[PDB]
Amino acid sequence: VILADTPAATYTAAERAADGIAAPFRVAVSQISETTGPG
Amino acid sequence: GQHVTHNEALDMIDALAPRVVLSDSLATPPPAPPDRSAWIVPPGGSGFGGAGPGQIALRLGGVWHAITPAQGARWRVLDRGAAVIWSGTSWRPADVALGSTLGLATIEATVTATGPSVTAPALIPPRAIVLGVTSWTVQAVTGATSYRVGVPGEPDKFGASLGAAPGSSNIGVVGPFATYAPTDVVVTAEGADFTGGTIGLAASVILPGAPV
Amino acid sequence: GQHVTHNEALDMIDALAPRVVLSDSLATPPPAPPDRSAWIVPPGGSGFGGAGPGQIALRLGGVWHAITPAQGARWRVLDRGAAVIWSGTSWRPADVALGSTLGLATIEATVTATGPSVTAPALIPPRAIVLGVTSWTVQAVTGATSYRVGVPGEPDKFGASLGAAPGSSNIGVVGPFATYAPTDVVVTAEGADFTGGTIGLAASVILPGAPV
Amino acid sequence: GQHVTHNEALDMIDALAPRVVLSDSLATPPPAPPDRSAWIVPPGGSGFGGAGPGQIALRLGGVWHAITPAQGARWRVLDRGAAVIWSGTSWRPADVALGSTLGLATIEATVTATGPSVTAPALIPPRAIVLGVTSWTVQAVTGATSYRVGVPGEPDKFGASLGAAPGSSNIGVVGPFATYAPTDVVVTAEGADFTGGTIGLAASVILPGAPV
Amino acid sequence: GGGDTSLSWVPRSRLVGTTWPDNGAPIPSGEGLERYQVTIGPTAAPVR
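Chains as they are written, first to last, in the deposited numbering: chain M, 1400 to 1438; chain Z, 17 to 112, 115 to 230; chain a, 17 to 112, 115 to 230; chain Y, 17 to 112, 115 to 230; chain N, 1352 to 1399.
Do not rely on the hints blindly, as some may be mistaken.
[Unchecked claim] Derived DSSO-like pairs: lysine-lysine, alpha-carbon spacing no greater than 27 Å straight-line:
(1) a/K175 / Y/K175
(2) Z/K175 / a/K175
(3) Y/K175 / Z/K175
If you are wondering where the hints come from, they were derived from the structure by calculation, not from laboratory data.
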């Protein structure tokens, strides 16, 4: 689970190794907001 | 209110605060205890009792809370009638009763010392053991050398010669003998005139008269 | 919560709860008082516990928080063994200790009464002080005028002419003498038929001088 | 929380926690009941905080809301000094004011058992009631069968036989006899040699009329 | 230790009021910058 104020969110091999992450995995943006709640 | 529910707090206060436990000394806690009811799990407690033996399990709508007992908090057993306090380390059954909870009648008897003798109004409650009949001098007693507290007809029953000096909490101690049968208290001057003084009293009379 | 941590509340919970407190009376509080245990700072205590000497320094997370005691604040002093209820002006000791804990075993029993003389089975434990003998009547005793509850052969030890009516409570003290020795309390009757009746009988079983 | 202020929670916590509260048994409560303090409402209680007779009237923010008493929480009666734990139906009265108390100041002495008998160094002061005297066996007594801790001249009077074995707390209790009069307890081996062992003795010192 | 006492301040914002986090929501700021002074107990005008 990565929520980043910064736009860029580079992934790492270690997370993929520890659990299971697909190489072309679909990503759905959830707009969590620091100011409020997910939007 | 969402982050911390009122219920979370309410349950927490009820469980942590000293409570009279309803523990029946069974291996397993009763299947349906009352809500907000503390049941301490006895050692070698089988069945349920999520709380470890020696820890209190409190039913909360069927949720037995595994609460480590608070230090210095009394956990009187309803079934035993014993006051088992938790010292933060081990269960200790404190001073106790068997359907006869002791009540120490604090009787404050204030009698102006007048004439030669006065009778204090602190009648012993029926069937009450008297630990000590302390006597204080509220106001300096003119004439009287000393207090002569006792049961009427005897100025020597306890504290035969006490102090009539001002502000003196002399103790007429019944001590080993305690008069369970109801009796009044009499105060007399010691070979002197009682008038001009005020007497205060601290009768302590424990009574095993209350069902528990 | 975040603003007020659950831990802040928990620390408060220990402080709010009556606590066994160690009145070592050291001018300076010990370097490592037990966590969740209040070491009471003596009045006039120097150095640590400087705030409010005469307050209880409770160690939570290695930090000793001096709790200002309020009216009727009960803290059981471990070193003295007395439970001291601080009146508010100052500490006030309870009337009693040495690690002696008064163990209680519940013996309330319904003795069905058949015939004028019936035998109660509540034998006292050896070396158990009895503050008083507890007497109740559960079912109507038919033809009964008096209850000679007492040691067999000597019913006089407890009242020998107690009321003998349905529901009658004859709760009482066996004099000032406390019977450590094991004894039955046979429910004899003074020419009173006890048949058809039930007696609720307990005898304030106390085991004094018993380690925690 | 915004919904419940930290202070709103604090008031609730203080009220729920067992509080010693004064029962003056008046129809109407005292004009100013302090915040976080309550006056017990007797049955038949009326007026402000008269909601529910048998409840407790507590003033917070100028409103004397009557808290519902919680069973197992000891709403001890400050006014009569009588401990009262709510039974859920009645103000059940527990063990018990007077501005003076039978305070406990146990004297701890650790005489090495020597020769055949050693009088305990923990002398009882005048007017000090002895609930009991401890006989901790600090060291194994060589050749000593029992700790005969007794009133001087009478080892057998109380605690005549307490096994003198290492690691055993031989508390002996003076129960029928409360010795307010000063006594130097005499500890003797039971027809035995005390030497080679250590006795830890705390003699209950109870002084009536002790100030707050 | 060393007399290096650390004073911790939880910022309070006037515009919001004395907000208490609720519904798992952190207290908002919006008060810009506030500097919290420490008054020395021994001296009315703080030496430091």
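Holds or violated: Z/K175 to a/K175, with C-alpha atoms at most 27 Å apart: Holds - the C-alpha atoms of a/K175 and Z/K175 are around 23 Å apart, at most 27 Å.
Restraint check for Y/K175 with Z/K175, where alpha carbons must lie at most 27 Å apart: 23 Å, holds
Satisfaction of hint between Y/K175 and a/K175, Cα-Cα up to 27 Å: 20 Å, holds
In this structure, none of the earlier numbered hints is contradicted; all agree with it.
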